[PDB]
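A single protein chain has been omitted; all remaining protein chains appear in their positions.
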Amino acid sequence: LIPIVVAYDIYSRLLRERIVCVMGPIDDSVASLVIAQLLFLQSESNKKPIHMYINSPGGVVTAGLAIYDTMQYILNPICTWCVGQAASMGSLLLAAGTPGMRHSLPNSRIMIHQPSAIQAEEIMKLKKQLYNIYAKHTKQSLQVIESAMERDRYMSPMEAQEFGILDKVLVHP
Amino acid sequence: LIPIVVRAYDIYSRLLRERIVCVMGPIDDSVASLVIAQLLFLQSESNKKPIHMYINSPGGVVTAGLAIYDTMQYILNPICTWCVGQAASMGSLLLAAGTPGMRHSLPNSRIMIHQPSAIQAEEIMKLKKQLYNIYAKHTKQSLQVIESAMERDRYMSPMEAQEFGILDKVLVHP
Amino acid sequence: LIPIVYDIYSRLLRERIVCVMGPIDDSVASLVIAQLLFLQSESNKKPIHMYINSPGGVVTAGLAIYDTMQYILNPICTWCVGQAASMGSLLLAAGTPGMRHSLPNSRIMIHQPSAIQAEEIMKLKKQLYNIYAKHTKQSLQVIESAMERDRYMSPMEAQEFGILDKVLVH
Amino acid sequence: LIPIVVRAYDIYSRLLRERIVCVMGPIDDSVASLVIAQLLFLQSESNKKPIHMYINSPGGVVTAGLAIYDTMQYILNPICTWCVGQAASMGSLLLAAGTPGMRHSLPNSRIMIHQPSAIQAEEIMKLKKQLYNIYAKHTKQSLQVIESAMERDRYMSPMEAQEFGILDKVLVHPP
Amino acid sequence: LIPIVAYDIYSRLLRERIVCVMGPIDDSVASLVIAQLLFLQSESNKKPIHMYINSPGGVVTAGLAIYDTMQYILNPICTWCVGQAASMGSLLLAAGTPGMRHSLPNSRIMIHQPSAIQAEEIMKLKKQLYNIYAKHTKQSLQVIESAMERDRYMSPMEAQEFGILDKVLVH
Amino acid sequence: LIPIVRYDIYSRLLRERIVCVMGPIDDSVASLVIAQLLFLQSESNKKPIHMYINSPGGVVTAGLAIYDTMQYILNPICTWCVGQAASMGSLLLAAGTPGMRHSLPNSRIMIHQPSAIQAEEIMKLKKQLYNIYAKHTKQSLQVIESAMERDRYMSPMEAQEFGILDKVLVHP
Partner (left out) sequence: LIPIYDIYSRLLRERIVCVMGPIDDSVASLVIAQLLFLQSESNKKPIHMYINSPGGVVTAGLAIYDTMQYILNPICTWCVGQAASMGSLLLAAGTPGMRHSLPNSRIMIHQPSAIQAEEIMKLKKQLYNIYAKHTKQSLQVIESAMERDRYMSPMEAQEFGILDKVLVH
């Protein structure tokens, strides 16, 4: 499947360039890999930026929160890039990049809404944490976040930049 | 198994050494990540030499194709897009997104820009207005023509697609 | 597993042999097209050998392979092994004039046995008639008539029809 | 698809060179076997350098988790334990079984001591009583307090789990 | 698992010019057998090739692909029946070189074809099998037609008397 | 999934003369364990071998194949119960060398055989288990036959008192 480049597979040469890809649904296996790649890239140097490319519909909240906390834990600056879409938990990882270093390509779709075995109280505690993350990183008030997360829709990149999910939309070809 | 040739490469990696990217079968998030990774790698090898992009796909996920498209536009290199077999829905967008003068088809290919067949209607319509806009910029056609052409569930020949502006050259010769 | 000597198929590819075996689809077509384009770069003038044992498959996948055969400048030997049916017999007939061969016991079928609109299936079908007409030099009516009969023909009858040039009598 | 790092290692073997053991996903006999083998290997390389265990798990088989726990207590090394994402049921026992002073959580980890639900009833209760004694040893709560806390089907926050005695530090950033 | 001896055991046998035709025959098996036959001819057109047959038969047009390769190449082919060669497996056995077709004492031979395309097309293929067996067995088509409809296995001694085999190993 | 460490983690352990019997026992497991046991005897007939048991048991005739190899080879075998040794897993524990059978504190031992061939053939095979346990535990057949009837696990400190193992490695 994966081509070889000169030998490496392409994803491991991207990792050698300090690029981490989060593609497709987030789960405890995807999180485990992303966590391991972030902890590794910190051990190789704690000063060079890391580049995280997001194309995901989101996924499990607990897996997404594990990736988030590690991005906040590691000392590296993190550039974060949206390609195609970043929805639900995927847009939290996008929002959680370093201020000034959060980017999107012009046609990406951003969704802050959190699409609909556990007690009701425990899902609500997770959501209350999400409101505080979005308020922290977007600098919106909690009242704005709660109503924004109620609308089941995708933002355009220009709407998401004025909302504060993005810093830059790179239209330059 | 993929045959090894001649260092020893599988042919898909040898073709990548010739700066050829293969987009084969349906487009999904896995294909999109592979195509974007291949494209970003080829830019690092040089910013100037063209990239060759061989399209044989029935299309696929719209947001996956837009991720490939956005990467094609970000990269500075000329991209030569070759239609082989067919390019339907999102596949004909990728064909059309090659650099002007470098979009080619073999003569028995079928081109379809109609989008055949989990999301709210408002977001599919927003996605579809993007397709109308980006076809118009790449084909140099009016939105009314695009809207009309994307409504007919039909394929068009490469000679028709050249007149419509999806293609630049049809290689009827060897 | 397949035996090592290279893998057995990579050893054959170094002899400029392309094995089309089994049903043809987009995954098979992409393999065959990749191999055909490579072998032209390795030398622009030495023949390529295509060995065909196929029941056919997707039409656009087969037409993708066929277009590559006509694009590259090399002669192509086509060898019918066991059977070449539907799109498999088009690839057999697409070999270079004088260089289309069959083993004595091969069965060839040009009929097309048995997501798309009816008008689009018929337009594809009319393309096949034009391909067979130019390569067999039969009239369009004979092609339409012979492709309607759900049958196989022997190599000696396929040679008389113009699908083949040589049958390799034992 | 697991990236390779350049000798060439997969990402998990590269981390094992940092003395990092990833206990991720559910625990079963093959997970237990793999963790125990890694712990015994890492002890051979140094009996006094710390080991780092990263935990994100919903729990698993109890006897498989107790096998891992017993290995953590056998080896002489300090074990720093990290909760990322969640540590539930048996995953919280491996968290609590880290070295005193070296059990850490990130701020959004979910901690559940409760045990959600093939053998006779007497064997489940006998496993339970072992768990109560292990938690009492490490959290320094009394058995009845553990029994009352372990009956509520809920998750603690990291700060609440520190007050319960499952954790020593909650870290936003490295100090 | 296949043992390693460096080669896996089947590639080590191929260096002895041994081709194992074992298990059911299909279009994928035919590809492997034909590629191995053409390779062994490239390494030498003179030295014999050894075919080891253990199969219940299979697809007719796949077995005919193997058969036509056996007759095309110039090498002598020793065919060995191991365990059984039924239906199309017994055609490859009979198509060995005259005097070089061998069997072990407990091999079971069956020329009958046990048990989509039109009826008329199966019958044309079937009539080809009669001609192939008649050529190699040195027997009347009427005898082949009668023998090929009996749903039975021959012993190696019966198969030698019929003309499918030349030699039976005695132990 | 298995990390590498010139090995994978398990071939590195095998170089320390450690054999792992993990998960259920079947014909595949029996063949692998017997091969490893015969290999380690060739490397030396004098150094101990370490066998780590975490098993729910499995096919009885597969476990007896492992057992007979343990008794054939000349090496001392240390047997370690980690987590659980039930049914056939407890026979491999009992069949370690005397003075060299160990358990971790939280292990579960079960001698009972949790519930094809004819009924008479299972009882024939069952009667061999009574003889094997009686040899190694030094209990009488009546004590073995009575103990095997209770569908229960037991703690290391009771299997030590029963004679299934010799040492419990209390945590420091």
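For clarity, chains are labelled A, B, C, D, E and F in written order, and residue numbers in each chain start from 1.
The rule we apply is simple: contacts are C-beta pairs under 8 Å (C-beta built on N, C-alpha and C of every residue); 3 or more make two chains touch, one makes a residue touch a chain.
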Among E:5, E:116 or E:119, the residue in touch with the chain that has been omitted: E:5
Residue, one of E:46, E:138 or E:171, that touches the chain absent here: E:171
Residue of E:28, E:54, E:128 or E:137 touching the missing chain in the full complex: E:54
Absent chain, residues of subunit E that touch it: 1-5, 9-10, 12-13, 16, 20, 22-23, 54, 82-84, 104-108, 151-153, 155, 169, 171
Subunit F residues that touch the omitted chain in the full complex: 7-8, 10-11, 14, 27-28, 30-32, 34-36, 38-39, 61-62, 64-65, 67-69, 71-72, 117-118, 120-121, 124-125, 128, 132
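Operating definition for what follows: only the chains that are shown with their structure count from here on.
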Centre-of-Cα separation between subunit E and subunit D, whole angstrom: 61
Between subunit B and subunit D, centroid-to-centroid distance (C-alpha), Å: 49
Distance from subunit D to subunit A - Cα centre to Cα centre, in angstrom: 27
Multi-chain contact residues (two or more partners), subunit A: 2, 11
Overall pattern in which the protein chains touch one another (line/ring/star/complete/other): line
Chain-chain contacts as defined at top: A-B, A-D, B-C, C-E, D-F
